[PDB]
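Visitor: Construct the complete structure from the given sequences, taking the supplied hints into account.
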Amino acid sequence: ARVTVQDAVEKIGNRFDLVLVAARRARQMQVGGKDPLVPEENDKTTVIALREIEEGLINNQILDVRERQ
Amino acid sequence: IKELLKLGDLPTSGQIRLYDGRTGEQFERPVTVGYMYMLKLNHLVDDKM
Amino acid sequence: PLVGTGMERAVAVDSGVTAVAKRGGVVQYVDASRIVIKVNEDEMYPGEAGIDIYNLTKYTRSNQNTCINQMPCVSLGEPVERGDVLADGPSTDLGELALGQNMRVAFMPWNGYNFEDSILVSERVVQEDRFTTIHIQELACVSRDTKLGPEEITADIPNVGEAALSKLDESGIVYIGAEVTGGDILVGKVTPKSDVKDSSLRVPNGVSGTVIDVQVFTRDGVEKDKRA
Amino acid sequence: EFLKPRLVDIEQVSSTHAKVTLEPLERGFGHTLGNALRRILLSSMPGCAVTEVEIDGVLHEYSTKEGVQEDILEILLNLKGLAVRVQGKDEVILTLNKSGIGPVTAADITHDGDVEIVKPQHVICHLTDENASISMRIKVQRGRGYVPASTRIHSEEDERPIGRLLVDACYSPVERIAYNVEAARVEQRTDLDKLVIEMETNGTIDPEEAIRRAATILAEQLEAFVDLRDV
Amino acid sequence: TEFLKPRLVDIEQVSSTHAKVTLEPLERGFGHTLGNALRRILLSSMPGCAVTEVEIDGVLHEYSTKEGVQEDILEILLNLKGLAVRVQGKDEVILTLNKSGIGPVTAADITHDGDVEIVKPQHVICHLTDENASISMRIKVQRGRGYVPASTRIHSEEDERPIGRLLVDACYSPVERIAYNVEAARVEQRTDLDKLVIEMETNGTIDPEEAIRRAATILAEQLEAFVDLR
Amino acid sequence: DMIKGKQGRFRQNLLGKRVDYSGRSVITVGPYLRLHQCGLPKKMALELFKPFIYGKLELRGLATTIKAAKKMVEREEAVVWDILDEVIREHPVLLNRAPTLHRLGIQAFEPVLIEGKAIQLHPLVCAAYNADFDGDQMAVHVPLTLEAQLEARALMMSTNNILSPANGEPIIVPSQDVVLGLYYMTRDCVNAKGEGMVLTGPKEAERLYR
RNA sequence: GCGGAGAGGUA
Ligand SMILES: Nc1ccn([C@@H]2O[C@H](COP(=O)(O)CP(=O)(O)OP(=O)(O)O)[C@@H](O)[C@H]2O)c(=O)n1
Ligand SMILES: [Mg+2]
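Chains as they are written, first to last, in the authors' numbering: chain A, 2 to 70; chain B, 1195 to 1243; chain C, 698 to 890, 911 to 945; chain D, 7 to 237; chain E, 6 to 235; chain F, 329 to 538.
To be clear, the hints were calculated from the coordinates, so they are not data collected in a lab. Think of the CB as a built atom: it goes at the ideal place given N, C-alpha and C, for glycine as much as any other residue. Be aware that one or more of the hints could be misleading.
[To be verified] Pairwise CB distance ranges (calculated):
| no. | chain 1 | residue 1 | chain 2 | residue 2 | range |
| --- | --- | --- | --- | --- | --- |
| 1 | A | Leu64 | E | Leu13 | 40 to 46 Å |
| 2 | B | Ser1207 | F | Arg538 | 49 to 55 Å |
| 3 | F | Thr514 | A | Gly34 | 53 to 59 Å |
| 4 | E | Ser161 | F | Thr514 | 30 to 36 Å |
| 5 | E | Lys95 | A | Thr5 | 53 to 59 Å |
| 6 | B | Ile1210 | D | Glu193 | 50 to 56 Å |
| 7 | F | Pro498 | B | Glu1219 | 31 to 37 Å |
| 8 | B | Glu1222 | E | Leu13 | 50 to 56 Å |
| 9 | D | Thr157 | C | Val723 | 46 to 52 Å |
| 10 | E | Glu215 | F | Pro498 | 41 to 47 Å |
[Claimed, not checked] Example chain E residues on the side facing chain F (calculated, C-beta under 10 Å, incomplete):
| no. | residue |
| --- | --- |
| 11 | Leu48 |
| 12 | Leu79 |
| 13 | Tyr152 |
| 14 | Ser156 |
| 15 | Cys176 |
| 16 | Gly209 |
Guide: What follows is the structure, given as structure tokens:
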């Protein structure tokens, strides 16, 4: 289990819209419109989206550019 | 109480040296052992859960 | 209690849970339901005396759903005096109050399993089966008289598998001594409409024990009720 | 370059209590072997014990017979303590039939060949009436450890007869284990130790067999250790 | 009767001397009995080779100072305790160190003998300063079981020896660190089973897996006299 | 009277509702736990996560229809426990103790399925809860929606709340056994076994002590 | 058989 989200909050310092972007990503992941960019280790889609956020691949702007594309 | 403990051939201080059942090693500083009257109260987890 | 205060006998005797001799004598018959004592000639009434009989109470339900059981203390042929303790009530032994049980404790922190006021216990305690209590739940199925027609207690119950009936008698009530589990049908009832629906009582979810007793109270005084 | 322990004199103080000695123990292995065996003995010694009982006139554990003073539940509690040795079969059916006034002890059980009643004086019940008669059929199984009724309920396997009375199974003969590592003066050596294991059991497993089986179990687990896949 | 055998030997060898070993599923309570037996045997009774005594050509007592070595004598003793050497045939052999010049006198600088191999040639021993830089010593290494502190031998030093023979604690057992955790593990229906995680650090000579191997081996030879059900 | 007053309304039914997917039980020590987890009884976990169980059962095809999923949960076969383990994996639950005095009275944990009927609470967090293992009980809620899960794991999880919101100081400080053990371990004695010997590191210190 | 009174108890 991912015991700390400290690096994800260091990516976006509000610590609140972090939850929103991670929820949007994990909702695009659960209802299978999209695919994970990280090799999953039997995590559920919430911890997958946090693991993706902490690695710098996804934020709000990447979501907006990919959605309009 | 000390007298009664002596009559039974038990340590007068009421503490005994105990061995750890997992490791087998002795505990430093002997520990108080003895019989105490305990009660099971009507608060049963299976009723609470 | 290995360490008491002496008040144990006062409390046990003065409470009504013990069976105490009224006229001292000699124990004539001992059973796990009754103690029959032949009175001594001193205390023996001249006219129309007879013997003394103490019926004991076996597992009954207390207000809190705990068990109320009396055990005999005395054996055949032992002499008893007026005011001695014949039978032990619930949580009393030989006349003394035995609220709980006395076990070997050691005061030490054992890898934080007794961290806060929590308690660590050895499997030997469960092996010797010394903290196992008997509890007793009461359940009631009531068949009233509706204006659409009286409901029935019969064992013919709509759309139930014969698995559920297997443990039911022809009258529709569980056998004494049957082991039940949550959801099993305690008694068969049909709601008049005539049937197709069941108001039959079931064991509450997640409680499982043995049916020790069943009672039937009928204002109708019907001639032919089996359980009755 | 090692030494190795050989099983030496096995003193029997009582029928249940026994002292077993192991003389040539290397320095440091006294406590190691003492504790390992203590653990194995207390946890894993296979024994036989009563699993369920059928008495005639009794529907459930809570009823009562005429002419006895114990409740049926106390009779089961007494049976749990019954120390028995089964030799060949895994499940035996013992039959107890007694009449008349007197204490029904374990000796009154119908004597079968393969079953040994270790403590015939062990009481079961007390009759109190001339015409009062108790009959029961006790089913005894072999097993290891401690298995309660409520767990076996998952595997009910047609418990349908209401006459059946389930008993908690203490499938374990060893009651107590203590060990002392003490200086073992060997005629040509300075510092060698001897392990003395004092054990109290219900008198079914013999000491030699207990120690041998415990060492066997520990050795099997060690076998599991010898190979290491790393694949 | 029929027991439950461990089905897996997961081994996570980070930093070759450091090995984590996982074992599941194990019968109730055997986690601690087996883990501890192994731990104790490894720690207290394990055949190995180590420096026992040392003779310095220059200093007579452990509190004296050698000119031009910044490290105190105690530092040199501590560095000598860490030397992990494996000798093949001989029981007790005496290695010599002779060094001059600036820099760190390391284990490689020992005279290279036939049967004796020093697993860590780069282990620092001393630091030598300028223009004098004279270090000479004779270190005696012996084979033994377990850990033997200096104090117990120096106690029994009635065989009076000439001065300069400085005793060092003998670290024979190759295991530097050993610990075991037991944790819950269930085989799909039985929950009262446990997993054994053994964290082990050895001193280079033997890798931890094989150390564990010979530990379990030793315990089995001792047990051999009783075990006969096969 | 229905509107005004404590028992009546706004307080009672409009700020004080009574949620679903919630449970209650006695709390217990569970020292082996990680700071971010909590022992949760199997049977309670199954009861709480029932609809999740049904969804996962239908996805794998183990059950044709929803009623068959209900029957399979009500028998509680091995497949059901496997599905429960799989769904519970990263799903966090909220633990609350009756007087939720400050925001640390509710915290999120990852549950670990255990036998028994008592909830196992990590010792270090007891100070935050003012929890004591003397019959204290705790309630356990399940965040359902995806947004709730992110909020529980990011904002509310136990490990994210180590400093008190009131003052900056740590909340998770060791309480009594931990501090006693550490105190015993670190205090020195004038003379003992191994007085004044020189060690190359902590590793041989443990070698010596053990 | 949703509710509400009264009594007792838990933390
Ligand atoms: N009528 C009540 C009685 C108790 N409580 C609550 O239950 C807990 C008992 O504390 P407590 O005082 O019993 C034990 P603690 O606070 O940890 O101190 P100690 O262990 O050193 O003795 C407290 O959190 C109280 O807020 C309540 O809401 N209403
Ligand atoms: Mg409390």
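Visitor: Now tell me, hint by hint, if it's right for this structure.
Guide: We went through each hint and held it up to the structure:
no., hint, result
1, A/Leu64 <-> E/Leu13: 40 to 46 Å, "holds, 42 Å"
2, B/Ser1207 <-> F/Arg538: 49 to 55 Å, "violated, 28 Å"
3, F/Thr514 <-> A/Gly34: 53 to 59 Å, "holds, 56 Å"
4, E/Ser161 <-> F/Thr514: 30 to 36 Å, "holds, 33 Å"
5, E/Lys95 <-> A/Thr5: 53 to 59 Å, "holds, 55 Å"
6, B/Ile1210 <-> D/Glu193: 50 to 56 Å, "violated, 37 Å"
7, F/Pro498 <-> B/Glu1219: 31 to 37 Å, "holds, 33 Å"
8, B/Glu1222 <-> E/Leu13: 50 to 56 Å, "violated, 37 Å"
9, D/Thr157 <-> C/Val723: 46 to 52 Å, "holds, 47 Å"
10, E/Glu215 <-> F/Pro498: 41 to 47 Å, "holds, 44 Å"
11, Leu48, "holds, 6 Å"
12, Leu79, "holds, 5 Å"
13, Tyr152, "holds, 6 Å"
14, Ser156, "holds, 7 Å"
15, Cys176, "holds, 7 Å"
16, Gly209, "violated, 13 Å"
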